[PDB]
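Sequences and hints are given; from them, build the entire structure.
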Amino acid sequence: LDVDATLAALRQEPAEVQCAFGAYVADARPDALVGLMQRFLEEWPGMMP
Amino acid sequence: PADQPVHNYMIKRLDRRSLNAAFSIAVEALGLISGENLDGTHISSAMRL
Amino acid sequence: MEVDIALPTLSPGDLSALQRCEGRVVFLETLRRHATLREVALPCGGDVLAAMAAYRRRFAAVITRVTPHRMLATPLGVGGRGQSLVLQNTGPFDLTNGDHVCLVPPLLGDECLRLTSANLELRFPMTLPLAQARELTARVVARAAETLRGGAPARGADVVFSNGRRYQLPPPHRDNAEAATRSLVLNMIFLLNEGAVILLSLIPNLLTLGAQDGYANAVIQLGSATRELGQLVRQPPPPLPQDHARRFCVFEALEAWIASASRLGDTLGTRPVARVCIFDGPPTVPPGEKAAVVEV
Amino acid sequence: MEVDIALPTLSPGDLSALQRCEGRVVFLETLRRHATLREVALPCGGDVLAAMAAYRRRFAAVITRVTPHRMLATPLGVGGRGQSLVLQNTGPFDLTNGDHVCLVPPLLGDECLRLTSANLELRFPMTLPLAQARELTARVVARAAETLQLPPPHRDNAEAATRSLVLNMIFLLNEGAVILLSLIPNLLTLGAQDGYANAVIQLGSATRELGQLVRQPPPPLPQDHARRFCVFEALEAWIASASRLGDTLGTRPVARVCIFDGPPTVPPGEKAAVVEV
Numbered sequence: 445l446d447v448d449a450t451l452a453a454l455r456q457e458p459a460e461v462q463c464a465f466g467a468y469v470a471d472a473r474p475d476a477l478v479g480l481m482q483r484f485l486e487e488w489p490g491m492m493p
Numbered sequence: 100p101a102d103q104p105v106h107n108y109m110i111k112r113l114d115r116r117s118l119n120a121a122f123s124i125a126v127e128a129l130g131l132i133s134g135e136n137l138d139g140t141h142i143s144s145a146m147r148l
Numbered sequence: 001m002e003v004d005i006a007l008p009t010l011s012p013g014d015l016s017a018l019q020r021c022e023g024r025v026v027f028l029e030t031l032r033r034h035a036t037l038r039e040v041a042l043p044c045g046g047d048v049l050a051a052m053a054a055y056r057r058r059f060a061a062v063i064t065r066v067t068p069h070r071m072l073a074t075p076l077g078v079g080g081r082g083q084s085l086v087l088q089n090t091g092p093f094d095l096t097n098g099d100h101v102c103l104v105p106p107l108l109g110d111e112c113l114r115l116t117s118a119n120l121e122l123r124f125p126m127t128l129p130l131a132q133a134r135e136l137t138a139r140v141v142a143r144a145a146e147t148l149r150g151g152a153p154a155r156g157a158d159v160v161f162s163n164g165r166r167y168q169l170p171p172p173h174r175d176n177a178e179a180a181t182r183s184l185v186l187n188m189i190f191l192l193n194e195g196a197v198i199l200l201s202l203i204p205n206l207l208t209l210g211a212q213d214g215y216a217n218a219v220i221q222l223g224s225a226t227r228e229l230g231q232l233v234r235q236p237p238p239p240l241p242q243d244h245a246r247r248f249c250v251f252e253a254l255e256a257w258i259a260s261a262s263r264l265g266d267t268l269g270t271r272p273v274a275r276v277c278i279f280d281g282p283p284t285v286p287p288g289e290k291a292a293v294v295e296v
Numbered sequence: 001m002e003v004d005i006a007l008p009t010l011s012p013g014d015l016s017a018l019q020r021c022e023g024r025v026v027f028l029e030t031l032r033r034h035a036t037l038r039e040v041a042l043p044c045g046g047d048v049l050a051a052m053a054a055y056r057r058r059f060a061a062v063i064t065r066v067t068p069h070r071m072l073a074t075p076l077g078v079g080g081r082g083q084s085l086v087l088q089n090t091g092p093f094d095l096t097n098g099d100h101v102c103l104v105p106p107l108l109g110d111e112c113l114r115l116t117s118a119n120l121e122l123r124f125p126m127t128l129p130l131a132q133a134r135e136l137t138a139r140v141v142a143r144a145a146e147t148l168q169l170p171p172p173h174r175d176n177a178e179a180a181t182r183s184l185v186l187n188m189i190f191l192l193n194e195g196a197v198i199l200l201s202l203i204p205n206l207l208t209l210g211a212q213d214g215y216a217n218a219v220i221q222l223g224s225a226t227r228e229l230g231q232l233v234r235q236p237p238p239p240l241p242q243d244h245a246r247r248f249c250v251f252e253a254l255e256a257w258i259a260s261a262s263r264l265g266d267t268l269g270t271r272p273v274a275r276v277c278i279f280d281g282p283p284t285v286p287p288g289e290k291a292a293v294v295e296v
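Protein chains in written order, with the deposited numbering: chain A, 445 to 493; chain B, 100 to 148; chain C, 1 to 296; chain D, 1 to 148, 168 to 296.
Everything labelled a hint here was simulated from the structure, so no lab data went into it.
Keep in mind that a hint or two might mislead.
Partial list, computed: chain C residues near chain D (C-beta under 8 Å) [claimed, not checked]: (1) 130; (2) 149; (3) 153; (4) 199; (5) 258; (6) 261; (7) 265; (8) 294.
Backbone N, C-alpha and C define an ideal beta-carbon position, used for all residues, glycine too.
So, in structure tokens, the structure goes:
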């Protein structure tokens, strides 16, 4: 389970973000699961170039 | 194309080793050969020999 | 450093024609004291851009006297003290005394030796004074461009003077002028448009300044010291994640444009190869007649 | 003429290293017959753009012999074009027969015959073929334009490079140039029926991204579209500019390689004959 070396050596490339829908979570707020899904689906492509 | 006659000068170094052996002779013989403890007994000269 | 060329014996009659080209230039490959005629040969119907690019990776050399056995050449690049030598002018118009010659492919209608006995062809590049050549290239390219957009196909002003006489600039369909020059006009017009687009993309508000008081002021300020009107180049918008099918990084495009423009500028000649220093002769050599020259 | 470079007293630890620099080039400032070593010397590596801008202001000189007192040189081009000499290559790419060579400042540094006794260091420029020196200059100047194995710029001279570039580009815009600018779609449509026509256009072409996004109207007839014609003038101007765009950012090719007998391609670190231009 030795990843600290792997990560500490792999981050030499500055950055690149292909997509973000696959590695991001979020804490919802109240008033959920009827219009909340609507607020989600409206910008679903906004996460996937 | 044509080629010219090429030369080359090179030198090479030596390698240096050693050798050794062991010849430890006793103390009684050391004494008796020198005769420092040789007493004029007909039995001592035999030990010298 | 004079090279000779083995000559695979052809025939009578044709060898006279080979003797007539005792003054032109030929592009060798490497400086060896021997070479076969099969080596210095080019399909006389060829692409002008590629030939003009290849003229750099070779050496110029002029054909001195020829014999049924061999023919002698003298390279121009390397040399000692720049000795004199004779040259047969073969451009479309004459060249005066005291100027510089340049080597361009047969841009207009072509002439090429067809040595039917040996089954090979030869191209002998034109010999033009510097400025007249730099303008003739633009002439042919601009005519092709005007034709491209299907506009008014003629304007009666595709003519070039040289020492009085008017030259006609033969019609652009004779040998393959509609095919062996397409490459050049495409590769030039495209780069010009790309440079313009890149500039306008870096400075979006250039063509919305004062018609006579803003643009001139911007140019004069840019030519002068570091004011630069701030970042006269506004910060371009941020690009896409380089996998989106519509990514456009302007600066890499500028990089590619710089590279391609430099390369195209170098593969155009316009760097003199010789200079006419005629002496004891008629001061103006007409086409087809030899002319004393000293290499530069 | 033979430039004579005098030497101070040197330790045998570095004289023998200087002996190995028999085919590299140095940059004097004035062409007197004599000159001390201390004069011809550049500081340690920094700002490859500034250095490349400095090579234009001085004429080169290659050295031939290194004696315990004296070190000769040869002013490269001041009046000659056929003084066949030899200079060793120190650039990564191996230069082949036929093509010219251009001097370029070194990258990453690390090429400094640091002489301790004399308390100075030299940085001999590397030698690259033209085709790749152009591309390197392109990359560096573009990177300088980005800031409004790789060292960062300095923001004090990068602006000068940007200024030169933007001037050489601005003066391409002519009332004839717009006429050419009008046929971008007529060019793209031509780059479809044939193969070569499409081949000449690049991939990130920075123009195909435009011809498929913006329509432009017929051009306004310029003043006196009967007497003169503008496309010709704009094209002549563009030829005149592009013929001298490469050198104005980098350096003119200084010599072309000619070899009479040896193998054509010469590898890095090996001397090869040459003639200057």
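Interface hint outcome for residue 265 of chain C [beta carbon to chain D under 8 Å]
holds (4 Å)
Interface hint compliance - residue 199 of chain C to chain D, C-beta minimum distance less than 8 Å:
holds (5 Å)
Quick one, is the residue 153 of chain C hint okay against chain D at 8 Å, beta carbons?
Constraint on residue 153 of chain C not satisfied, violated at 13 Å.
Do the numbers back the hint for residue 130 of chain C, that is, is its least Cβ distance to chain D under 8 Å?
Violated: closest Cβ of chain D sits about 11 Å from residue 130 of chain C, beyond 8 Å.
Does the interface hint hold: is residue 294 of chain C within less than 8 Å of chain D, judged Cβ to Cβ?
Constraint on residue 294 of chain C not satisfied, violated at 11 Å.
Can you verify the interface hint for residue 149 of chain C: is its Cβ closer than 8 Å to any Cβ in chain D?
Given a least distance of 5 Å, the restraint on residue 149 of chain C holds.
Holds or violated: is there a CB of chain D closer than 8 Å to the CB of residue 261 of chain C?
Hint holds; residue 261 of chain C Cβ to chain D Cβ min 5 Å, cut 8 Å.
Tell me if the interface restraint on residue 258 of chain C is satisfied: Cβ within less than 8 Å of some Cβ in chain D.
holds (4 Å)
Consistency with the previously given hints fails for numbers 1, 3 and 8, ordered from lowest to highest.
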